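Visitor: Okay, here's what each chain looks like letter by letter:
Number of protein chains: 8
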Amino acid sequence: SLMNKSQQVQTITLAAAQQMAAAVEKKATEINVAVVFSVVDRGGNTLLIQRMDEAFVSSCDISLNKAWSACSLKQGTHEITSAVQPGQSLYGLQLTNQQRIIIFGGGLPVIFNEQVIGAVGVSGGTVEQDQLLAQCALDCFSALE
Amino acid sequence: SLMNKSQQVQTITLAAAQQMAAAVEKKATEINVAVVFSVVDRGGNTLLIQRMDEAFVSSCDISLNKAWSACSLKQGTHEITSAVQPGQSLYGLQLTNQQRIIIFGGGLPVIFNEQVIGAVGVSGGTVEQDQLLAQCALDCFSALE
Amino acid sequence: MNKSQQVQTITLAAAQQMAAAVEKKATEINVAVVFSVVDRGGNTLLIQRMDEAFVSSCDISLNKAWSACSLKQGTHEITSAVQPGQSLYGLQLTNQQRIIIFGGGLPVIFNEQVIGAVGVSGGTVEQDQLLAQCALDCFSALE
Amino acid sequence: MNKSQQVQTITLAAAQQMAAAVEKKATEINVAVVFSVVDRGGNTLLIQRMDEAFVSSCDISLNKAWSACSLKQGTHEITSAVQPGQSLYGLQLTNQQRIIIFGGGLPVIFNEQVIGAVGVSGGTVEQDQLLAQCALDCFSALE
Amino acid sequence: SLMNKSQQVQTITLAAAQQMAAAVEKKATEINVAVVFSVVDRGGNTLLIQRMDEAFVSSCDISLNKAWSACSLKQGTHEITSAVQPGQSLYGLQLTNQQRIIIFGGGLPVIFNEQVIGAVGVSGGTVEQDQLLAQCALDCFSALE
Amino acid sequence: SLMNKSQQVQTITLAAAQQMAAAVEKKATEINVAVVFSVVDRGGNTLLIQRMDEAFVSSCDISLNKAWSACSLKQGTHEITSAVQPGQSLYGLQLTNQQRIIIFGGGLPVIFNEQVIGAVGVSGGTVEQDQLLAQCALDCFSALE
Amino acid sequence: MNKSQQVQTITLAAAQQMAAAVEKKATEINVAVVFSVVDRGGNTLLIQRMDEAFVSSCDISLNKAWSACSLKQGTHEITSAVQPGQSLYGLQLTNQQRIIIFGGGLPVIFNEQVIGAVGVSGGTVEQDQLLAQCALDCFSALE
Amino acid sequence: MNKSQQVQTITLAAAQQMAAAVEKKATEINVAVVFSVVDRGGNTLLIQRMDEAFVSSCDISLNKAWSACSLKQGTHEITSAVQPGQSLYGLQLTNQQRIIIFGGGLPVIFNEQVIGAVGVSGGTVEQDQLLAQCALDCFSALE
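In order, the protein sequence lines correspond to chains A, B, C, D, B', A', D' and C'. A prime marks a further copy of an entry chain.
To convert, take the position in the first sequence, counting from 1, and add 1; that gives the authors' numbering.
To convert, take the position in the second sequence, counting from 1, and add 1; that gives the authors' numbering.
To convert, take the position in the third sequence, counting from 1, and add 3; that gives the authors' numbering.
To convert, take the position in the fourth sequence, counting from 1, and add 3; that gives the authors' numbering.
To convert, take the position in the fifth sequence, counting from 1, and add 1; that gives the authors' numbering.
To convert, take the position in the sixth sequence, counting from 1, and add 1; that gives the authors' numbering.
To convert, take the position in the seventh sequence, counting from 1, and add 3; that gives the authors' numbering.
To convert, take the position in the eighth sequence, counting from 1, and add 3; that gives the authors' numbering.
Quick caveat, the hints were computed from the structure, so don't treat them as lab data.
Cβ atoms here follow ideal geometry from the backbone N, Cα and C, with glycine treated the same way.
Don't take each hint at face value.
Derived DMTMM-like pairs (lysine to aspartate or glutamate); straight-line CA-CA distance at most 25 Å [claimed, not checked]: (1) D'/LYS75 with D'/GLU31; (2) C'/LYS27 with C'/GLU115; (3) B/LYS75 with B/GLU146; (4) D/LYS6 with C/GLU80; (5) A'/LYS75 with C'/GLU55; (6) C/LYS75 with C/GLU31; (7) D'/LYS28 with D'/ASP54; (8) D'/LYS75 with C'/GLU146; (9) A/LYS28 with A/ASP140; (10) A'/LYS28 with A'/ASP140; (11) B'/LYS75 with D/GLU55; (12) B'/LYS6 with B'/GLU146; (13) B'/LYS6 with A'/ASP140; (14) D/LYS27 with D/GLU115; (15) B/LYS6 with C/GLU55; (16) A'/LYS27 with C'/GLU31; (17) A'/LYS27 with C'/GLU55; (18) C'/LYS75 with D/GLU146; (19) B/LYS75 with A/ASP140; (20) C'/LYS28 with C'/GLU146; (21) D'/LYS75 with C'/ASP140; (22) D'/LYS75 with D'/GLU55; (23) B'/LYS6 with A'/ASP54; (24) D/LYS27 with B'/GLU129.
Derived DEER-like restraints, expressed as beta-carbon distance ranges [claimed, not checked]: (25) C'/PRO87 with D'/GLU129: 24 to 34 Å; (26) A'/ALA144 with C/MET4: 51 to 61 Å; (27) A/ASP140 with D/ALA144: 40 to 50 Å; (28) B'/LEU3 with C/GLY88: 52 to 62 Å; (29) A/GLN99 with C/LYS75: 24 to 34 Å; (30) A'/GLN99 with B'/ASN114: 31 to 41 Å.
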């Protein structure tokens with residue numbers, strides 16, 4: 002055959018990041034919560050981090066790493082929780098990668114054209130809230146343009 | 002809707018922290034334990050760390066990071082202990098933020114005007130003792146004017 | 004005695020205004036940058052990277068903002084202090100190297116306080132600085 | 004609004020070829036090196052260390068690749084800018100000391116995009132930069 | 002008793018590691034997973050890291066540190082999993098050594114002459130899959146001469 | 002009263018460290034095990050680290066930190082194991098101090114004149130062995146001079 | 004054989020006095036500083052940060068104390084040795100960048116033993132070293 | 004092909020001989036030092052501090068030994084390579100700053116191999132180096 006020497010991939014943009022920030026900020030407001038929102042591009046690289054003024058300062062690292070975890074492992078941070086419990090197959094996964102791997106909900110990959118173009122991360126509510134606001138961002142994304 | 006380019010907040014003062022340290026060093030003597038005692042401002046930055054001679058040296062870093070957690074999480078460090086055991090919804094949190102979120106008792110926020118203005122951390126006793134002494138610091142603070 | 008000081012901090016709303024402003028100048032002067040704002044106590048409010056800004060510019064942008072808030076001054080005003088043979092040689096090595104020692108970070112002075120700071124990284128130093136200043140200029144004509 | 008740009012990244016297969024060109028060419032010049040290729044986000048594809056290479060050159064080589072990618076230019080380019088007295092003195096300390104300021108790191112520039120990068124360490128800076136250009140020349144000769 | 006100022010040991014060679022990587026990349030394809038594959042020498046220093054395009058990027062650091070653990074512990078990384086669960090005699094070990102001791106399967110030592118000469122690490126599949134592939138690397142090595 | 006402005010304390014020496022190294026090395030040999038041995042002085046500061054040639058390279062950090070843990074917390078590393086289990090008071094202690102706190106046996110404080118003058122640490126056997134060789138060092142110490 | 008030496012360490016009580024002498028003297032000269040005292044092993048006794056001090060000076064101040072203790076001499080002493088071209092160029096990078104090379108850190112020398120140390124940061128290096136000597140003078144006036 | 008290289012490593016027994024030797028000279032030239040040995044692959048065999056050696060000398064001593072093993076050369080032979088303006092300026096910042104760039108670390112060459120290394124820190128550079136060499140000299144008249 003011919004070798005593929007380079008491949009074509011889609012990355013999410015700041016434009017799109019910026020818009021999902023506003024969705025999240027508007028949804029978080031009416032469920033009466035202050036969160037950090039993060040979006041990473043397709044390589045896991047920080048595009049946006051945005052912290053509501055009443056949100057936990059502890060939640061900026063968390064929110065970023067949920068995005069990076071969601072993009073890197075290609076799934077929600079909620080989907081790895083069961084695998085990392087004492088006694089489960091991937092127990093100790095949470096200790097790798099300088100502890101960047103987040104293992105509770107709040108981080109989602111962004112899927113465009115059967116492909117992971119980036120990810121989002123929300124922190125500073127309950128875990129159920131984080132994840133609801135994370136899907137909320139995705140639902141904004143898919144609507145755009 | 003007129004929009005706010007700034008926010009007026011309140012922070013605890015070094016001289017408040019110094020009074021707090023007097024009261025802890027006293028009460029630690031009366032119950033016969035040596036501890037390390039820490040105060041952080043509104044942004045979790047250090048105001049005051051004090052180690053009694055006989056307090057473990059491993060308690061320096063813990064005392065400070067108890068103060069930091071209770072600030073950033075705006076709750077007592079004992080309050081999160083339940084949430085982060087295996088199987089629970091925030092298991093893994095103790096590994097975030099370069100392991101500065103301490104998950105056992107002895108950190109408490111200074112609440113003034115319904116608002117987190119600062120925090121204290123006591124390390125070196127039992128968990129029960131650390132939490133008692135740290136309460137003692139807040140009892141003092143609300144007795145100053 | 005006083006058990007608490009009143010102080011002032013920049014908001015997310017402010018930082019968002021300033022970001023749109025910085026993205027707008029950066030586009031016209033043909034340069035892709037990272038823009039970061041921190042609050043009063045030096046903590047992260049808003050970080051943004053344009054799609055073409057160097058991925059190593061994320062780290063620096065935030066740290067510029069942090070240093071300008073920390074040191075109550077612009078990160079360009081320290082560059083000379085720190086050279087070999089000079090009194091604060093080595094200050095770049097403290098604080099997990101989070102002290103940035105070239106221009107592009109600037110405080111938000113408001114009300115004769117330091118209420119937070121901005122940091123810009125991406126293009127030349129002077130481009131960063133100009134784009135940083137247009138962030139502040141924006142801030143002043145918010146009400 | 005554009006919610007996603009198309010971009011382009013080097014493959015593992017391409018990095019394996021560059022590695023085999025560098026490996027031969029290092030030995031013909033009588034040096035042992037470490038070769039590292041990063042993709043578009045500067046994420047690792049490959050690290051390959053010759054037996055007699057310095058184990059110190061592993062992290063150096065990877066960070067040469069990451070640097071070149073993220074800065075979009077050669078680690079050899081930034082060397083004059085970071086010298087004491089210059090404008091970017093203190094860049095070297097940023098990003099957890101990953102920004103390597105001496106020659107050896109080169110971006111892979113296919114379609115006017117940095118699509119990734121390579122880094123060689125283990126020799127002189129001159130030999131390092133020779134080997135890395137020698138890998139880029141492997142790539143642009145591939146199909 | 003004459004005393005030894007040096008010791009003759011054996012180490013695995015880069016060209017051995019390159020053959021091993023060929024065989025893993027092959028067998029990963031045939032079972033349909035993308036992984037990252039790592040080899041370390043007699044002292045746990047890196048010989049070869051290889052990430053297939055689609056393998057998680059969080060597996061780079063894991064693959065390498067599996068190779069490192071199985072070298073330094075002179076056993077399979079699956080072999081310590083039992084010992085380090087809560088309540089067990091080496092709980093806490095996973096936190097040592099800057100979190101480089103990986104406590105789930107996929108690291109295996111190259112034993113030659115009854116002697117640890119090197120190690121391999123596979124990360125990116127299930128734990129079962131990683132351990133299969135890493136075995137595959139050793140099967141290959143002992144078939145070379 | 003008069004303030005004590007400085008206090009008098011005893012520190013262990015290299016001399017003594019060196020001698021307990023030989024005891025340990027001789028005992029480890031006849032129970033057929035290769036270990037790392039460490040001794041810290043009274044401030045927790047490294048006096049000696051000594052690695053048998055067949056011992057796990059993973060065991061140098063461990064062995065040092067067992068000593069530093071034994072000196073810092075003023076007790077054996079075996080005595081904190083029960084306190085740090087999930088659900089126990091000091092759960093998460095193992096995450097503090099850059100993870101230097103070791104929580105399985107093998108580290109002992111050295112007690113001279115009702116005072117902790119330093120500590121020892123052994124690693125690279127079973128935990129029971131480490132601790133047996135650690136007491137073995139103490140038993141050598143008390144015999145000296 | 005001697006299995007244990009007697010040594011000697013500063014107390015918390017003594018560090019509290021030095022802290023209160025520095026705190027007054029900083030304000031009389033119109034600067035805000037961070038004061039830190041380490042014991043004989045360079046283990047922390049005290050960190051006390053004036054409200055208007057740079058939060059960057061916390062880690063600087065502690066590491067001034069630790070440095071002085073461990074090196075047994077003033078951080079001001081080693082400054083000439085670590086300059087580029089000199090014999091100890093690259094000391095500054097050792098020990099996780101804890102070895103601070105500019106003035107502010109002084110050992111407490113009671114009975115010809117370093118028994119611990121102090122560090123001040125927040126001013127000029129000149130003011131820093133003034134304040135720290137000013138703390139040693141508090142100690143040697145105590146009983 | 005070859006699937007494995009035979010190599011040679013220093014033993015604990017050797018390192019113990021050399022330590023007694025280094026402690027013996029250090030005592031006569033009136034200086035307290037830390038002495039460290041690493042093995043073939045650069046890993047810790049023996050570290051020893053004399054009761055008066057600066058506590059910051061532990062870190063450096065080991066790292067000297069590590070660099071001399073890593074770079075297959077003495078840590079004094081690199082000092083000139085790394086100055087500002089010179090080709091390996093910055094090499095002191097790689098490898099978590101474990102590259103020591105002043106004298107006092109030296110390899111154990113045995114049998115035209117590098118079989119490990121020593122490192123000495125504590126006194127002047129030249130004292131460290133001399134004491135380092137007397138470690139090697141010791142090693143050569145072991146049998």
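Visitor: Below or equal to 25 Å on CA atoms is what counts here, so check C/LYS75 against C/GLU31.
Guide: Outside the cut-off at roughly 30 Å; violated.
Visitor: Against the 25 Å threshold, does the CA-CA distance of B'/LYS6 and A'/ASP54 hold or violate the hint?
Guide: OK: B'/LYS6 and A'/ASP54 at ~11 Å, within 25 Å.
Visitor: Would the hint linking B'/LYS75 and D/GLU55 be met if the CA-CA limit is 25 Å?
Guide: holds, 24 Å
Visitor: Look at the Cβ atoms of C'/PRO87 and D'/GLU129 and judge whether their distance stays inside 24 to 34 Å.
Guide: holds, 26 Å
Visitor: Between B'/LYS6 and B'/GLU146, is the straight-line Cα distance small enough, at 25 Å or below?
Guide: violated, 31 Å
Visitor: Taking only the CA atoms, is the gap from A'/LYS27 to C'/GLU31 under or equal to 25 Å?
Guide: At roughly 30 Å apart (the allowed maximum being 25 Å), C'/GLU31 and A'/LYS27 break the hint.
Visitor: Given the proposed pairing of B'/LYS6 with A'/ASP140, does the C-alpha separation stay at or below 25 Å?
Guide: violated, 30 Å
Visitor: Is D'/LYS75 within 25 Å of C'/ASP140, Cα to Cα?
Guide: violated, 31 Å
Visitor: Taking 25 Å as the top limit, are the C-alpha atoms of A/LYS28 and A/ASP140 close enough?
Guide: This hinted pair holds, its Cα atoms lying about 12 Å apart.
Visitor: Under the criterion that the straight-line Cα-Cα distance not exceed 25 Å, is the pair B/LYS6, C/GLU55 satisfied?
Guide: The given pair, whose Cα atoms are some 29 Å apart, is violated under the 25 Å limit.
Visitor: With respect to the beta-carbon atoms only, verify the hint that A'/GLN99 and B'/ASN114 lie 31 to 41 Å apart.
Guide: Once the Cβ atoms are compared, 38 Å apart, the range 31 to 41 Å for B'/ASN114 and A'/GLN99 holds.
Visitor: Does C'/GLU146 sit within 25 Å of D'/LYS75, going by the straight-line distance between their CA atoms?
Guide: violated, 40 Å
Hints 1, 2, 4, 6, 8, 12, 13, 14, 15, 16, 17, 18, 19, 21, 22, 24 from the list above are not met by this structure, while the remaining hints are.
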